[PDB]
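Please take these sequences and the hints and turn them into a complete structure.
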Amino acid sequence: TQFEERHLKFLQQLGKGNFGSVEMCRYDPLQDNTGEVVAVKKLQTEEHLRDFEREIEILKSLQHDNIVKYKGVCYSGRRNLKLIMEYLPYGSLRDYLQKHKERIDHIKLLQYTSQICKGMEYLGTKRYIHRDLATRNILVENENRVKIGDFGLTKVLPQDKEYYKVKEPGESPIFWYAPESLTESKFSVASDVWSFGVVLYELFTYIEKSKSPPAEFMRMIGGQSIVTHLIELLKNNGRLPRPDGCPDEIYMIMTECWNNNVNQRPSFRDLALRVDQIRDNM
Amino acid sequence: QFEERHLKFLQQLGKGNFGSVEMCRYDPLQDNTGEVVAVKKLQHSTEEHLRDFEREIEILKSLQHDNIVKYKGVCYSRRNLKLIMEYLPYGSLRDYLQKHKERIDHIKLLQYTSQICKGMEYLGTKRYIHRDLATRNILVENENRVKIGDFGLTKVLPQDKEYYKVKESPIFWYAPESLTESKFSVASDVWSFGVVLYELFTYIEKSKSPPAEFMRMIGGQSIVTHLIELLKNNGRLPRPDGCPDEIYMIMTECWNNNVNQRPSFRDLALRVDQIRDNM
Ligand SMILES: Cc1cc(Nc2ncc(C)c(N3CC(CC#N)(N4CCN(C)CC4)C3)n2)sn1
Ligand SMILES: Cc1cc(Nc2ncc(C)c(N3CC(CC#N)(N4CCN(C)CC4)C3)n2)sn1
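Respectively, the protein sequence lines represent chains A and B. Residue numbers 842 to 885, 888 to 919, 921 to 1066, 1071 to 1130, in PDB author numbering, belong to the letters of the first sequence in order. Residue numbers 843 to 919, 922 to 1011, 1015 to 1066, 1071 to 1130, in PDB author numbering, belong to the letters of the second sequence in order.
Accuracy of the hints is not assured; some may be wrong.
[What the hints assert, rightly or not] Below are the DSS-like pairs computed for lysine-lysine, each with C-alpha atoms no more than 27 Å apart in a straight line:
(1) B:914 / B:945
(2) A:952 / B:1055
(3) A:945 / B:1055
[Said to hold, decoys possible] Here chain A is said to cover these stretches of chain B; the calculated rule only asks that three of the stretch's residues, wherever they fall, bring their Cβ under 8 Å from a Cβ of chain A:
(4) 965-978
(5) 1032-1045
(6) 1093-1105
The hints are simulated quantities; they were obtained by calculation from the structure and are not laboratory data. Even for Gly, the Cβ is constructed at its ideal location relative to N, Cα and C.
Below is the structure:
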């Protein structure tokens, strides 16, 4: 489906990053305010533009209940290139949980967790490494469905290798990053699983700022970079604490996702089953 | 009977305005082999406080139950009157939960909640109003048992009334009618138990404490005046993060403005047992 810029009407800024922005837009070829509300991603260089084109190919290739729906592209055009997606009105799982936590029980968190795993399992089947797995990059469609909503750092594994080594000088979500992603820049399914452990931690802490990954890691750390301190803390088996009231089996899952050894981390297929089972037992 | 000369001070456990509890060895062989006990005494021994303490001692002596700290005896030496109790080594549920939260699940909280209800149900049968139900006044015997550990404010209901009118107070634990009229009842005990439940499911987090939350809702008049207005306007403590639906619902029913619409301790015990069984 083709989108003409002249019919793309700006409603509201949803989120701004270092290198991106997402906007709420109405696509209104009848210019009568009846056009479909959509989400529009665009840049704020030629490197970032090569990467964005890759990001667009990646999401176009994905069709799944738990991945934000690709709708199309909108060109003036490369400087003005926009990626058009469905608009999910409840926004990020991060803001939704912050807003609505007093109505979200353990059962509901486990439903969301399971859908994250299935979205991530499907990414696995394409050999795509997300590298940014966090509740801020998960959208709420409704009370009963979440989707992975951003692929801004996602990479394709080389054909004959199980990891992608990234050489980028930009800021990184280090408190979500596996030891081997920090030390060697190696991203894999296993570094995705590490990141998922912290998503689990995010959900069961109900994203309270006092218990956030940055807050907890900085408390354990106490003349070297924060990155050096984090690496040394993780090497020494420093880990995020058990969230208050987190069930035994969900903490055990967190702890296994945060194995120093890449090869000893659970699969997304195994994680989905264990989470479904913990949920069934409640 | 306990002789002061054999009561050997080990450590201060806690202090209030008018009394103190100490860890002591009772050692009549003075060889360091005597049994460790808990010893309560008055900070100021006025005649009135001493009459009250004698009442407090009779109250605990009358209580024989798995979920009430064991009375062991008294120390005369009358000005220097001491109450001797068992020493529970894990201390208050408040300090235990603060320390050990990372090893305590919802199932364990519900076990403790159930045992508090049974201790409170039994107080019921004697017509005793506790008036100080809080995790700081619950002791941990071991991983699998808690007890009500203090009866410093407890009253006996008059013969012909279902309430006692008592003319600093733990106001953030106090039922509206305790704040406005000083009326204590089993229903004000239930109100207070709601806040104990709230304490447990917030894992004694300072950021989520009753004082912290109530003062956040409030913001030239007393905190007590603002609290009464907030409670009359149906202001209430929020649902603790991940508190199960049925445990929040129980909290909310304990905090009914109407005394007569609060659950019984017998009903609370059954509902909490059942929520625990269903998990
Ligand atoms: C109020 C509200 C609703 C939102 N709905 C929405 N519907 C679709 C997408 C694609 C989307 N977004 C925000 C997103 C995060 C995710 N997933 N961006 C990524 C880029 N970041 C720089 C900012 C956040 C993609 N939001 S958002 N809020
Ligand atoms: C670490 C530890 C061990 C303790 N064990 C204990 N064993 C018996 C009693 C009676 C007791 N205590 C302290 C208590 C708290 C309650 N319930 N008092 C209530 C009166 N408050 C003014 C001060 C604290 C009764 N503690 S205590 N700590």
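Status of the hints after comparison with the structure:
Of the pairs offered as hints, the one joining residue 914 of chain B and residue 945 of chain B is violated, with about 31 Å between alpha carbons and a cut-off of 27 Å exceeded. With a CA separation close to 22 Å, the supplied pair residue 952 of chain A and residue 1055 of chain B stays within the 27 Å bound. Taken as a hint, the residue 945 of chain A and residue 1055 of chain B pair is honoured in the structure, with Cα atoms around 14 Å apart against an allowance of 27 Å. Under the rule that three or more residues need a Cβ within less than 8 Å of chain A, the assignment of the stretch 965-978 of chain B is violated, with 0 such residues.
With 0 residues having a Cβ less than 8 Å from any Cβ of chain A, the stretch 1032-1045 of chain B misses the three-residue criterion, and the hint is violated. With 4 residues carrying a beta carbon less than 8 Å from a beta carbon of chain A, the stretch 1093-1105 of chain B meets the three-residue requirement, and the given coverage holds.
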